[PDB]
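Below you will find one chain, with nothing else, as structure tokens; this is the form deposited in one PDB entry, and questions on how it binds or moves follow later.
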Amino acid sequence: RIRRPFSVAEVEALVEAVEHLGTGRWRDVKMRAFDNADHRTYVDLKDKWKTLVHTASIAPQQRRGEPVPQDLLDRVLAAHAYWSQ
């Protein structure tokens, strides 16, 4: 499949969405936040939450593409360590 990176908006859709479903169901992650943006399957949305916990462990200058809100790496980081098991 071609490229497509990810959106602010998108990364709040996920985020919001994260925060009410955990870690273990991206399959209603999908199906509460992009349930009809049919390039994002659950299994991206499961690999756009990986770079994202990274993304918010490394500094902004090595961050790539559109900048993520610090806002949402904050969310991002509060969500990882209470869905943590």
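Residue numbers count along the first chain shown, from 1. Heads up, when I say rigid core I mean the largest set of C-alphas that superpose within 1.5 Å between the two forms. First, how it differs from the form deposited in another entry.
The rigid-core alignment places the CA of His20 less than 2 Å apart between the two forms.
A displacement of less than 2 angstroms separates the C-alpha positions of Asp74 between the two forms, with the rigid core held in common.
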Second form
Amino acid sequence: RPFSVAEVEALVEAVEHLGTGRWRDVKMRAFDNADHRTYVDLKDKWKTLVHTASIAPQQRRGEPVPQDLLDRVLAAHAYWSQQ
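For comparison with the form deposited in one PDB entry, produce the structure of the form deposited in another entry.
Shown below: the chain alone.
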């Protein structure tokens, strides 16, 4: 099901801290008790978040993600990409 903003933030925070190649750790960090949120779901969601944050507002679909989160997605994405 759709990620709530809290989950998006939890995911973004986890990715900020863990990067984009440690999905099991991201799961353990922010979705430990969310069986419906597999590490793959998290990886996928992160991918969509990066896309959402990277495209223009008009191109975004689904529930709007708070700008500060999109900004963090891009920053985390940029950091881990540069890493």
